[PDB]
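Listed next as structure tokens is one chain, alone, in the form solved without the partner chain.
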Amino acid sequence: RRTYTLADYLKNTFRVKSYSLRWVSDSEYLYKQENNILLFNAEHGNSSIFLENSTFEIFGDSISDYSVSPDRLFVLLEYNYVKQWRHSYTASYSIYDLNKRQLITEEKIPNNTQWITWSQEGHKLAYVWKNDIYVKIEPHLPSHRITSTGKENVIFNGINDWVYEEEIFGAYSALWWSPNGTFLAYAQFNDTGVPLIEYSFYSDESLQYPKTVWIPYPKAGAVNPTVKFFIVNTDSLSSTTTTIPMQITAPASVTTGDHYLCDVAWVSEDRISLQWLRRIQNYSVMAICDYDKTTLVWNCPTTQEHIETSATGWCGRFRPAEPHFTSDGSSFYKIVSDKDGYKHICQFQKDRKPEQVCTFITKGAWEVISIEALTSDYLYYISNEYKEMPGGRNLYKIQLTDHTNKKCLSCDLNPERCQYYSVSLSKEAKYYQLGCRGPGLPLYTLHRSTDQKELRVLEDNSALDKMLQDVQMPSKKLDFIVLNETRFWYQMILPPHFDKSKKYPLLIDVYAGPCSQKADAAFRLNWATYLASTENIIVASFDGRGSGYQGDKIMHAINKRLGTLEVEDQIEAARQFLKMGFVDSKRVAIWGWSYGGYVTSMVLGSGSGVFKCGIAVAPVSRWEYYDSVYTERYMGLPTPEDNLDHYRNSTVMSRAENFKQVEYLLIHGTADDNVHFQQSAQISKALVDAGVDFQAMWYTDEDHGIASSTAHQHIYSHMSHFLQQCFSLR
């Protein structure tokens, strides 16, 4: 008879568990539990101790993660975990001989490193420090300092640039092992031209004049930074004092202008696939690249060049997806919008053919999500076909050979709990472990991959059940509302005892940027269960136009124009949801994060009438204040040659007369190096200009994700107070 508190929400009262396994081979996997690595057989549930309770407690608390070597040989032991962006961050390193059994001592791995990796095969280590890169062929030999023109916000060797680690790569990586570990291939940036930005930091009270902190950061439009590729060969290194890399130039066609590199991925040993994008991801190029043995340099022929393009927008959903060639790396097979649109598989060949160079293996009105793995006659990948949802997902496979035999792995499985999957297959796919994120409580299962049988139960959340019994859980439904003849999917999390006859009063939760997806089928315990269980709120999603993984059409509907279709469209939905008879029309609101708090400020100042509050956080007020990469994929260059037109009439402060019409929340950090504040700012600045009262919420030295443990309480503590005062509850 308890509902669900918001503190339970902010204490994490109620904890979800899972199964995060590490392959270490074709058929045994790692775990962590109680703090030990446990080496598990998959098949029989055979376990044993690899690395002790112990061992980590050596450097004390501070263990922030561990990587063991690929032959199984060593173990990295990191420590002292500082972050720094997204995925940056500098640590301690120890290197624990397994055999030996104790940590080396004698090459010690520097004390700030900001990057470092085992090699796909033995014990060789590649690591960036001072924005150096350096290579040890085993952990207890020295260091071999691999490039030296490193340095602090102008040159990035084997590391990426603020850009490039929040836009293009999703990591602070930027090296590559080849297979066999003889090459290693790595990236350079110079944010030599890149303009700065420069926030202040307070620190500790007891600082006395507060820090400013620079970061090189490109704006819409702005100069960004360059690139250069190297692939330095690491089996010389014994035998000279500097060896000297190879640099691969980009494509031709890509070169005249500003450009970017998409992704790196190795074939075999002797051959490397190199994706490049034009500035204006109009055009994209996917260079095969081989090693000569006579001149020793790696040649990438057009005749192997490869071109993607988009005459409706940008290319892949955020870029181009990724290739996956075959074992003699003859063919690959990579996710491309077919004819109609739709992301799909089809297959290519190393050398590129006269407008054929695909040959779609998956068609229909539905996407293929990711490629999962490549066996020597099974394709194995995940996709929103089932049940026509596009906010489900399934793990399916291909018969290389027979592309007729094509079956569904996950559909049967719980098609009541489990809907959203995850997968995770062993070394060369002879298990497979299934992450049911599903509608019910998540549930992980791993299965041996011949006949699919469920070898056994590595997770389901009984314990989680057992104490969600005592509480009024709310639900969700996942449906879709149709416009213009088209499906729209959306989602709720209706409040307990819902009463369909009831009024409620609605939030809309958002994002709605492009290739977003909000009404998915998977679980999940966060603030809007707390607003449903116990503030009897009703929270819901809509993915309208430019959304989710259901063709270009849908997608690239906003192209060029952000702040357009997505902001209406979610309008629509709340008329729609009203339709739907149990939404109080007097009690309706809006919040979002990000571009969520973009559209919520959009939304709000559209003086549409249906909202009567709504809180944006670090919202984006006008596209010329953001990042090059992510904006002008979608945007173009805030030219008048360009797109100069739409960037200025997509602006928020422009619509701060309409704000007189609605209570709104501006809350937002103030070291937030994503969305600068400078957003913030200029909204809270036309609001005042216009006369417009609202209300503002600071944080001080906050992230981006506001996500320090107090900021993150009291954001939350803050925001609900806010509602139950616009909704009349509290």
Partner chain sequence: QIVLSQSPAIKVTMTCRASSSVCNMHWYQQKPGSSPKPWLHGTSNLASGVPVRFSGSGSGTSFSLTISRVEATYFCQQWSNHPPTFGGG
Contents of the next structure:
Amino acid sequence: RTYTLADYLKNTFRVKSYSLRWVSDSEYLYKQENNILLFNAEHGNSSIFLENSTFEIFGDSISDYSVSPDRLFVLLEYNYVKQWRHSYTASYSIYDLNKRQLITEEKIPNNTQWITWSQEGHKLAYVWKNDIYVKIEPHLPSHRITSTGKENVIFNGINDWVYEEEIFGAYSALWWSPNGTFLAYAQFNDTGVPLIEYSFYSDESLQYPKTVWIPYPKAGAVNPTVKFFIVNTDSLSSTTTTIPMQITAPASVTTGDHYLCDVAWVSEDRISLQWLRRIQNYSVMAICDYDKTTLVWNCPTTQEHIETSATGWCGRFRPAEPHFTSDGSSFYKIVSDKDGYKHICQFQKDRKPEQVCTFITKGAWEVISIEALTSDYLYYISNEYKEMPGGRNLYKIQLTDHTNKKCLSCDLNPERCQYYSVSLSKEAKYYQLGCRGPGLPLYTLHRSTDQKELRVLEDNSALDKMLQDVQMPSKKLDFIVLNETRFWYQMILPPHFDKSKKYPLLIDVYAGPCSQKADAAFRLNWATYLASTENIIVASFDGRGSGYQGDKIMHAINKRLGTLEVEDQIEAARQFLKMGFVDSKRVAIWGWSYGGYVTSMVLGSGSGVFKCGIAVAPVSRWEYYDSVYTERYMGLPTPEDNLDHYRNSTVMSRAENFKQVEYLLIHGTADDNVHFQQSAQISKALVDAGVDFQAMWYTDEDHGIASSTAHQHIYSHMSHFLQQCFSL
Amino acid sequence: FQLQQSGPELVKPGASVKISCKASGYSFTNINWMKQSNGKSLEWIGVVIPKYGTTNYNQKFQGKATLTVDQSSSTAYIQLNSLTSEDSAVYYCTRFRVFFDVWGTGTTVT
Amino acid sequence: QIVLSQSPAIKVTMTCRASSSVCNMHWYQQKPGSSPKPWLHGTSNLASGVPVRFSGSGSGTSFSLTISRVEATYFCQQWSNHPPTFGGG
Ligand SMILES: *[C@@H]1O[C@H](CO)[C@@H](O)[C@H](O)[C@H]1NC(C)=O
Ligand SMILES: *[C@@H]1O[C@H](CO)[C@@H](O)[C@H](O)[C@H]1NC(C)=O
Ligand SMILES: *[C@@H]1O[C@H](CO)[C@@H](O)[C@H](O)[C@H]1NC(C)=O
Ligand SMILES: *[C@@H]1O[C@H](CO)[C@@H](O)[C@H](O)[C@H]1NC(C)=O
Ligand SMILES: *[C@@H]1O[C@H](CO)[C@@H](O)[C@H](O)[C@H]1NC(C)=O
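Given the form solved without the partner chain above, what does the protein look like in the form solved in complex with the partner chain?
Entire complex below, previous chain first.
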């Protein structure tokens, strides 16, 4: 009995997790048998919040619910239709809990792009046909905040293709005030950003394919422009015209092209805005105070703090999140230290010249995230324990005595759990811990003051008993040392793995900037089929360019994508070959996104190591991928700065060297991210070079190739490919 | 499980008629009505959740088909209002568990 | 607002094409004078009281109902989108 392709694809072994939503400092909403229940952590009791029958009034069309902080009204979301990675339109209707009836008067319009409640109370703000509206109460008629909205040209409250994807990780660009006085939001102008057109074939019944278009900026092209406003919603009236107020950007960033990259209310009358230059090695933070007398927002340069980078770019993917103290007088942030390691730093609102910040943590390891901030303490995920970059543990530093640094999750189950996450309550009195590997995931309820386990939310005992009689793979997380530096790797070893045998090897690569494909988390996936059922070892290596091990490693591939990380993969495979248990004749490399680009570049290096490989949705040329991401690591593609390196690092130029390998190129026709064009060009270059390869398009699939039937088909197609490449 | 629907009724211009599903043999406590016109397909009117008074209706069956339930009596009531020629139809009741699990025998309102 | 259109109006096999993607499709068999009974749900599951010859298949817009080895007015309805809607017959 082995974990089969069928098992992966049909989800027979289900890895359960525990989703809860904190609604107060002692209570969370959890879902059970489709009923929303309310559990109080302070006592032991559970009540019923919303019964499944109320969802069933809309049959099975409900995709989500969302409750008002005060608990009087619920947004039932139905008719979800996806757009991009985060974006979608949906219809909403407000269920009034007290009354137990749908609010049928002045209803939320259909095709609504983004709706969210205020942080307190029950005020609504929505985005519809690109304009922001706001309802003070559910029954009241809506108030139109902006009217500049146009399809694909002007976006208010919602994000552009590239802002969504690359800076915010969300369709939302509107943020409510802490007590609901103001509604901050960003506006993006897309006039002049060139369009990526592609064919959409749809159903059999559609006689003529439809051309889909998106304003999408590529390396060097005309980017979008941004404007940040704030509007007062307490003065919302049909009698008086609503005036939004425009906070303008810093002088430092307005000189050339720039991005808005963070929005963070600190208090009622203060909001922080980080902006970033288009080069991305310089970033400015602007703390902006509200002047009540003349209703303008002022951003002093005494209040402007600048983080920059000489070694590469700012942040993992952008400047880190500001966590401000209760009085707004100081704030905490993950910033890069003297030796390159990113740690927590304490700033002040005012910017004394000599001193940027005070580093409260330090060492050869990185703070992954700041999780909560009390007056007494700060909680944070870090990878310090046991010098394992791909490990995560909860820590708690006391604001007063930084000597008082306590690791809350390190030794609870040291064998089962080396990768934790956490979700703390409104004022942090309680928290849920989620161990995500290397054992079966375990979610448990704890009290903050002294870590005492109050409950066990989910221990995956069901999956455990299902997997007890299955021959699963092992997982070796360890390292090899090249040039006096440790570069970690993970290997999904087959069941009953013996060092006296020679197994085939598959390298699963991503290898992008700030990537980590070797860590302690637990995954049931294609690799586990490949190890258990096929006896393929699947290894992944985090060489240069990988994150969480100091900037010296991460910025090592700066201005030079397709070089040091590409050869580091090739080198790793050599290092594993030296370990002796790998057959040199059967070594493979596969990957998706950046991984696909890396696999294509490794296959074309002429190294002689790798025999075959599969690129899925790959990048071929860096001038095709979007500006915000591409330019973060390469600069512009112009002679003034780095055009040669865009030219040096294309898959196309290495087509001659594909004559030594077996290549399987795959791409979805309706990919809006890494457009099909990129694979269309790789194929054209291989054909011109007289190279036989294999290919598979996927009609109407995006970057995910996520559709249930297409998903089953890609992984079955690739499995058969590897089956032939390794002679079974 | 069976639902002995009320006998057929005759109605004329301007008037309002009430109809009873009379569910039995199952743990009552969702119920929906579909209007079927003769020679044509089925069309969904609305839903009542019998435990509470919670009602959801179709677009523009506001006014028509006021759906209310009082649990004590083993039944559900659909009041169609201001009937015209179009409102003359078969009107079934149903029980909703995953889809339309069981159906009432119909009233031929005229 | 979703429109189910059934091709044939006739192993005979009727189809349903939906105007948009439905998660699951339900089927109801009817005869003249008599209230309809549940025949198929969750795309392919045979409802109780229905002979084993019957099948269901297809995901997205194109669903299909396959009566194996036909022997002696089937409607198709969806509730993945609101409001719920029925096929012609
Ligand atoms: C609704 O909850 C009840 C009672 O807890 C449960 O038995 C039932 O299966 C649930 N039904 C659905 C459709 O989720
Ligand atoms: C739990 O019980 C207490 C009293 O024991 C009650 O007053 C409280 O409101 C209950 N809350 C929940 C969420 O069950
Ligand atoms: C968008 O930009 C164009 C020029 O790029 C300008 O003419 C137009 O006013 C702008 N519109 C808005 C709403 O910003
Ligand atoms: C950022 O990098 C550019 C090269 O692309 C360089 O000219 C500029 O001086 C750098 N600025 C800082 C602050 O490091
Ligand atoms: C090791 O260092 C040498 C010279 O310092 C350099 O050329 C080589 O590429 C380095 N290799 C790795 C894997 O770090």
